[PDB]
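Each chain is listed here by its residues.
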Amino acid sequence: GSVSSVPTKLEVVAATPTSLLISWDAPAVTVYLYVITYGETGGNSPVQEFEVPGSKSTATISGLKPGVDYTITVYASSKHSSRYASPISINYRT
Amino acid sequence: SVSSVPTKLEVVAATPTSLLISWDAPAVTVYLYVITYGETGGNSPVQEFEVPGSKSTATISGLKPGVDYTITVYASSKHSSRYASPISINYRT
Amino acid sequence: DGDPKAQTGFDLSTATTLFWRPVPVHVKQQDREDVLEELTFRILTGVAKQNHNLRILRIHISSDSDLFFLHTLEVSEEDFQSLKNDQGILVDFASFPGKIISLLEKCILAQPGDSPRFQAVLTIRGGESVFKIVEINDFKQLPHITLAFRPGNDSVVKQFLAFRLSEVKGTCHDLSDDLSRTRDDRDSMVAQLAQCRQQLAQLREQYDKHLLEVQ
Amino acid sequence: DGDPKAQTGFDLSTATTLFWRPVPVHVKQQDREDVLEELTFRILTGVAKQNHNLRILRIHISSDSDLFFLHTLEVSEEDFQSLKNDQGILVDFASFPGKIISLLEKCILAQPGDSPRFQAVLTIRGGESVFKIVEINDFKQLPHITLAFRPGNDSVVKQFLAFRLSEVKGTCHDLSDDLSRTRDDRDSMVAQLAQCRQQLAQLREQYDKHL
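Protein chains in written order, with the deposited numbering: chain G, -1 to 92; chain H, 0 to 92; chain A, 7 to 221; chain B, 7 to 217.
For reference, chain G alone in the conformation it holds in the complex:
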């Protein structure tokens, strides 16, 4: 029973105008690492990626513009997946 094991429950638990912290329940497969990509929705904002170890279910993003809707994507690195495969995305407006 090999689930694709994408991350579930992607949510922003705490948020301040310049920084937010996201938490996700971990997929059932052993996760090698997580690649979190935060970017502004549309516009000329480049997509920014930073890597977090697989054991961590939380992360923090800083440097955000106030009052702007951002798109946050969590890529999971499983055994039978690619570290830019199996993504799940949410949208949040700081």
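No lab work stands behind these hints, which were simulated from the structure alone.
Every residue gets a Cβ at the ideal spot worked out from N, C-alpha and C, and that includes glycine.
Mixed in with the good hints, there may be bad ones.
Only pairs whose alpha carbons sit at most 20 angstroms apart, straight line, appear in this in silico EDC-like list of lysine to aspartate or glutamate [what the hints assert, rightly or not]:
| id | chain 1 | residue 1 | chain 2 | residue 2 |
| --- | --- | --- | --- | --- |
| 1 | G | 54 | A | 134 |
| 2 | A | 34 | A | 70 |
| 3 | H | 54 | B | 7 |
| 4 | B | 112 | B | 7 |
| 5 | B | 11 | A | 134 |
Not everything, but these chain B residues come out facing chain A in the computed CB check (under 10 angstroms) [to be verified]:
| id | residue |
| --- | --- |
| 6 | 17 |
| 7 | 196 |
| 8 | 198 |
Here are a few chain G residues that sit away from chain A, every Cβ distance over 10 angstroms (derived from the structure) [as the list claims (entries may be wrong)]:
| id | residue |
| --- | --- |
| 9 | 4 |
| 10 | 30 |
| 11 | 37 |
| 12 | 49 |
| 13 | 53 |
| 14 | 57 |
| 15 | 63 |
| 16 | 67 |
| 17 | 69 |
| 18 | 75 |
| 19 | 79 |
| 20 | 86 |
Guided by the hints, dock chains H, A and B onto chain G, whose structure is given.
Structure of chains H, A and B alone, referenced to chain G:
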């Protein structure tokens, strides 16, 4: 006209294996502090470590539990004095 | 990433991270009893700063508890041929990290009751180290793969210390900000208990006045 | 010495520290405004790993305020003659660090209203730096001594990073103690106001019952 020595040396926090000491600084400008810890009258080599002058506190680790140690702070104060004007305490964990 | 200086050797900017998570491993020292620490591992593939046509694999063993315990392993494609002939490997350079990560996954998911049970062990001889994955069968502890680790170059150690320092400084800064918020909450709660006790004392005075009226 | 390793040069194990304290210094950059930031200094005397008969003086300028900062200066006994002839020094090699420390102390203890007032200024030119202690009298800003600084080898940077990391770890333990104290005190304030409001409501209810 001034002590040029440290004044108040006491143990603020203590754990069975390590100790933390705090001292009030002399009025003169302190260049640095040399903290020397050794076992009391025992054949343990005296261990010295250096701390900046801005620090009024320090921490010593690697101690043997239940053994009375002698801790001395040498001040490198003005007038080029070094390993001089010491203040000493004895404390057992 | 980190403080920019002379980085001749492995180009960390062009690095590609493959594996980065804690994994439980037994550590062997002559003086220290063997301790099961989920040492953090990190596997990276990339190219050298001198030449981009040469591929290089990198493995780092770090310790979130004791951050002075760093060990590194670098493998070039030619050294990969040498290692493949020495240990009898059959896969190519590209599939080497995949098999290493598969063995590490077998190590992490090992339950106390499993046959055969895969485990990881690191023997530390001074600055040097030897890491090996073992199979505990009903018969013997047979080694699957044996790897040697060395102290890192001064540059890679510099940048690793810089990364950890940045993370710890950020954590302490966030905690100090929350403590400022807690001090504001303390001030508000103070003022509130003070006003509440003032009101209660006033009501007691009114009750005493009513009792005097009754008498 | 945290994370030690041997490269042929200055033997930090055999080093003797003479001065290590924060010093107020004006920092000047070509594209940036001049800011008075309290930089930490380090003075070291010792011998080289190659030969113990050769003495070497070492000066480190670090910044506990910023995130990463280190500049180094090495003076050999042979180079000291050149520096002494260039800047017109009169003391010997042994008293050179003593006079440097005396000038630095005169600089730190400088009060806003004093003539002459001693000050220290560091000009950063890309990777290199020029440090000079100056005297501002009623007439002019005359330089007492001028010293040149460059970045450092990877080893000294490694040990500086280790020291900074240890300092931040100690601060984090102090911070955990402070957070325990402050949150327990806030909770105490909450629970006491809650008990007081409960008593106030009870007494008001009793007053309504009696009336």
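Taking each numbered hint in turn, which are not upheld by the structure, reported in ascending numerical order? Of the numbered hints given earlier, those the structure breaks are 1, 4, 6, 10, 12, 13 and 18, listed in rising order.
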